[PDB]
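Asker: Residue-level listing of the chains:
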Amino acid sequence: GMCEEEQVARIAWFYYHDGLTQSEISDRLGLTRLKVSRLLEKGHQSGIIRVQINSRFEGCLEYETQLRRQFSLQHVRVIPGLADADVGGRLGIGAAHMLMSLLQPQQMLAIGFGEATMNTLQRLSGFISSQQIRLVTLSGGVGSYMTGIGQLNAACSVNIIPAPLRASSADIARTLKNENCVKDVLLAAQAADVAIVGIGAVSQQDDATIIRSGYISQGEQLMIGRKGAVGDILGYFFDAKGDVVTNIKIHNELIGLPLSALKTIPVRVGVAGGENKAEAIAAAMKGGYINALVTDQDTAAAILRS
Amino acid sequence: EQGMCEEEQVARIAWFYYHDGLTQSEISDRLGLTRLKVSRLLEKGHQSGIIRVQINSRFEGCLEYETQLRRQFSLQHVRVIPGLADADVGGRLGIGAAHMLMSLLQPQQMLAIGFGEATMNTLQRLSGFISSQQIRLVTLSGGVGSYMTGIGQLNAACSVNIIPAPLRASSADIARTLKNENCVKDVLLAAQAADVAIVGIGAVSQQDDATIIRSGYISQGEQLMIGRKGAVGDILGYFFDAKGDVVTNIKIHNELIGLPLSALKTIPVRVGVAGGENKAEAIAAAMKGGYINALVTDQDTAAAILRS
Amino acid sequence: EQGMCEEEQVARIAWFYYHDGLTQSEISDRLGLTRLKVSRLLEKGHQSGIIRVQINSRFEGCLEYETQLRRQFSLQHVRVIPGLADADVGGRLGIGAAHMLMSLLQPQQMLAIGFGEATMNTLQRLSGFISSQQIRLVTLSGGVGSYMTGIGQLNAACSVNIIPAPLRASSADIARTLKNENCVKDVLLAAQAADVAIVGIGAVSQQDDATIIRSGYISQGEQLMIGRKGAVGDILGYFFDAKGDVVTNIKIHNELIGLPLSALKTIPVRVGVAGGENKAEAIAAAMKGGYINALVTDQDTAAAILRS
Amino acid sequence: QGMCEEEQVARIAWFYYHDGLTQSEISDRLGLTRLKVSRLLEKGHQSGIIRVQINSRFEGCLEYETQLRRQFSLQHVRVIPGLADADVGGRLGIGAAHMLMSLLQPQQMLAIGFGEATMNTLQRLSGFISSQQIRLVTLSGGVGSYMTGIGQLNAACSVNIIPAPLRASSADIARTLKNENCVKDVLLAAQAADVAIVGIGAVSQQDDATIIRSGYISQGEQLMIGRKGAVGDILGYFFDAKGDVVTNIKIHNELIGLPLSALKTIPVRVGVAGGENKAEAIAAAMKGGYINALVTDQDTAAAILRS
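These protein sequences, in sequence, are chains A, B, C and D. Going by the authors' numbering, the residue at position 152 of the first sequence is 163; the numbering climbs one at a time, nothing skipped. Going by the authors' numbering, the residue at position 286 of the second sequence is 295; the numbering climbs one at a time, nothing skipped. Going by the authors' numbering, the residue at position 134 of the third sequence is 143; the numbering climbs one at a time, nothing skipped. Going by the authors' numbering, the residue at position 148 of the fourth sequence is 158; the numbering climbs one at a time, nothing skipped.
These are computed hints drawn from the structure, not numbers from a lab. For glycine and all other residues, C-beta sits at the position ideal for the given N, C-alpha and C. There's no promise every hint is true.
[What the hints assert, rightly or not] In silico SDA-like cross-links for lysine to any residue, where the CA-CA straight-line distance does not exceed 20 Å: (1) C:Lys53 x B:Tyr27; (2) C:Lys297 x C:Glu286; (3) D:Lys53 x C:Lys53; (4) B:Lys188 x A:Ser37; (5) A:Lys188 x B:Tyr27.
[As the list claims (entries may be wrong)] Far from chain C, by Cβ distances over 10 Å, these chain D residues were calculated: (6) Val62; (7) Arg79; (8) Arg145; (9) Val169; (10) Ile171; (11) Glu190; (12) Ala202; (13) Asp254; (14) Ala272; (15) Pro277; (16) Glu290; (17) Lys297.
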């Protein structure tokens, strides 16, 4: 009966496994209530009492914390992926469940367009009704939102921008943006408590969720990348440093809140997945457009990696 | 979907009551519900449009006013819901209008819809039929929000083609440009090609005390100005004279993004739904103009029309 | 009479009752008729066929089939899930069946279970219910492992009485020996004593693609020979003919450790879950034999049964 | 709600140890009560979701440990720090479990016996079985006699169970069952596992042993067992102080389940047993080579080396 290292190991056992009390341990070895407490903390600092997590798919908590601090996010969630479950369909369950622990009764919620965020409103039907959350659209489009507000107990406040998402010329756009009924809802949004938007990457060729939507042409996509864009948000493209790309035409033709305004809303939830969006998602936080991310393990990995 | 489904529960207790013939109570002791809860789901089924009440008889509606109306104006269809002591006399029009559409629309057909509590209540009472028969909807005028209260249900799986534009433009030129913005000119065509259209009818008469000007789409002084120029009523925002013809010297007409009356005429079956004894003047003008070749109104209003 | 004909009266009462939603009484003080006068004309409306109620909900046909099936076979309980766009169907049968069981089982009751994907997915979709309600479960057939993918969840705290033997013995006598080996004879009684039992149905048609042949419990040629002998389907490993009677000249029957079909009948509510258009005749035969007094199936299969 | 039971545990586990918060401080983050949190944490340890590695030579009682390792030639050994009663049976589990965690390789097969000893272990090894996707095979029939162990196992673990009772009424009924394909196959599966875990029973603890209490052996059968020279058992097979099995024993031929000679096939055979009155058998167990790894308490360890 001796040695300092042996004591450490002894009390550790008796504390964690056998599960005893700092005191109950004293009356076992010639040590004082205080004496035990010291060697215990000593155990972890020296590194003899190490606690490991054992649950396949907890690596999500490892990535989650790194992401959290290496980008400084108010909130992060990283769902695994498991055996299919579509994942893309899974990010919604995750993002929606996150919004539920963010939104407070009767608060305003700015929404973006896209399958990512759309599924989320679907998985948030219930919460919206009960807590009577007010919704507002961050960009025009109208129909590009119905597949989301399709539910909503037909009794929820839905302020929709009565305009298309993108105008023919950069002027018709300026005209519409100053048309009262549009100028209002823009306000409504810029005033939202929380905002949820998806992130689009430029890599994707005729395979993207913004090219398929017929919102931008194939050659308009290429020239966008060429100018240095790496991804987008609500139709606005940015570079890897997270800053907006100046020489872009489509920016001046989009009816809807610009990126500057988005930042106004306090909690901006971003939901995006796919290993091909990591660069864009990253750039997305470097610019501060989203201060809360929601993504799968794989996507998360790829981000922190490269 | 999770489980149970609210939609299936209604269909289930609907079949358990009418066909199998059970009592509101005896149905409770079958599914985890209270005698009261049952009564609720049944009511829902009716308002929603899940429960249809066909009445195989010539006397479904006021045949008298009905036939006269039918001939004095040559209408393809008409129905005059049984008048009743007030009770709004506006939502009831819905349950009747809805039921007519259910006997007009064929599976997978396109339906053009206007705006207003009249036609909006109808879509509400038409949800079930929309779903099951997978009816396609297209808006005859911009407004977007001015349609939510109708497209509120629709099992989130129904194709709703909405015009991405405001109802009225600030300038008559901004409107001209919006009407030529592809995504907008595209939905207009869709509607301009629908199979059946349903529109309410607004009257100049019911100045202010009409959810018409209350919709803030027209001013107090704009309203009066409207009348002075010979307007008696409107459709989707176009005002017309007693002879049923549109009023030319009206500015609001050129500021409206949305199908024009002339184009509305394309649609083969045009159902008009309107009540209020103060609207007869207009409703009649609406038929003389040929804007609607189908009408759904109440006893009172019908009389009112026939009389003077 | 008074004012109008009687056909018109029924037409008005109907509207005021169903659509306008009035009270049998509230309708009296509308026309010169008494509280009971109205009640008469209403029922008159239904019987005559003037007021006919139709249901409008894509996926109601299932309630059509349900009723026919329920009466043309005399079933205490019936459920017919649709199928819609995929959802697997086979995987949908479980959620439906489990959902039914929740509506039948009473707290702390005994539930005899069979083997097979059908029934096994049901247990999975009923993990929750079994735990809360502390339902007691007993295996109606040996096999053991052929049961784990079901009781896999079950909060590690539920009573699971499993027959400690294989499903089929090598000879018809080693089976007889095990059937009377206390620890097995006990679980058998346990089972023959359950309150509700749920089993799937196997069809003979299926060759080398059946849920009983791929399980390696019956050989390729053992299957053909059973069909030749007149069997059309099975339950718990016992085959029967279209008249629902068991096939006598079957060897496997005496090689099966586990409750016999006669005993199964003992159990009051016998829910059967099975789908697939190729099981139609089996499923039916299974009801004509009375092995199941409650069925759970999809529309297609339901149709196929009723048809041929 | 939301986060299933398993994730909830992993969450408050990571927010307690790594990020380092207080039992209370974490309540104010997820919809739970100060007490509910404490519960999820405890559950995390017991289920095996939370391991507590002790990278130190003194994890266990090295003295008794090393003597035991050499005086018996054991592959691995652990002598959990004894303590004031507290059952002296559940503790064995946490230790045994942790040992397996250091022996088992991903996707390997684990043969397991029956009894509170090894059954507790299974429970304290749930997490490990899941994540590591470890495969389980039973070394003895019994079925129900295993539920309390396989009760957890995230309903997605391959458990190959022998479809037969532990003991047959006749020694002939057992011979035939042992030759019933579905029975003969799971036996091979086990007979080929990568590691096995079995408890050890003692004849001595007559009556006052959850062995005879299991009703698989009678009061008079126990006694008769001793008189013929039996000191303890494994899987139902009794042996003498010399480590060899006792021939003139009846129950041996009525047991459906791997024979001790075949168990020896399995490379790593861990035995877990506590109780000062089991020393005699535990030692016979090693001199017989039935186990080449042992896991026991300080007392028991001493009692062994002493006499």
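Asker: Does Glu190 (chain D) really sit off the interface, with its C-beta more than 10 Å from all C-beta atoms of chain C?
Answerer: Violated: least Cβ distance 6 Å, not greater than 10 Å.
Asker: Can the restraint linking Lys188 (chain A) and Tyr27 (chain B) be considered satisfied, given a maximum Cα separation of 20 Å?
Answerer: violated, 54 Å
Asker: Run the C-beta distances from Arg79 (chain D) to all of chain C and say if the shortest one exceeds 10 Å.
Answerer: holds, 35 Å
Asker: Are all C-beta atoms of chain C more than 10 Å from that of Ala272 (chain D)?
Answerer: Non-interface label on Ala272 (chain D) holds, nearest chain C Cβ at 21 Å vs cutoff 10 Å.
Asker: Minimum Cβ separation between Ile171 (chain D) and chain C greater than 10 Å?
Answerer: violated, 5 Å
Asker: Compute the least Cβ-Cβ separation between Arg145 (chain D) and chain C, then decide whether it is above 10 Å.
Answerer: holds, 13 Å
Asker: May I ask you to check that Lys297 (chain D) keeps its beta-carbon over 10 Å from the closest beta-carbon of chain C?
Answerer: Fine: 34 Å to the nearest Cβ keeps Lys297 (chain D) off the interface.
Asker: Given the hint that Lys53 (chain C) pairs with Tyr27 (chain B), test it: the Cα-Cα distance must not exceed 20 Å.
Answerer: holds, 15 Å
Asker: Take a quick look at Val62 (chain D) and tell me if its Cβ sits farther than 10 Å from every Cβ on chain C, holds or violated.
Answerer: holds, 23 Å
Asker: CA of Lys53 (chain D) to CA of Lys53 (chain C), is that 20 Å or under?
Answerer: Violated. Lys53 (chain D) to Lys53 (chain C) sits at ~67 Å, over the 20 Å cutoff.
Asker: Since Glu290 (chain D) was said not to touch the interface, does its Cβ keep a gap of more than 10 Å from each Cβ of chain C?
Answerer: holds, 32 Å
Asker: Quick check for students: does the CB of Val169 (chain D) sit more than 10 Å from each CB in chain C?
Answerer: violated, 6 Å
Checked against the numbered hints given earlier, the structure breaks hints 3, 4, 5, 9, 10 and 11 and satisfies all the rest.
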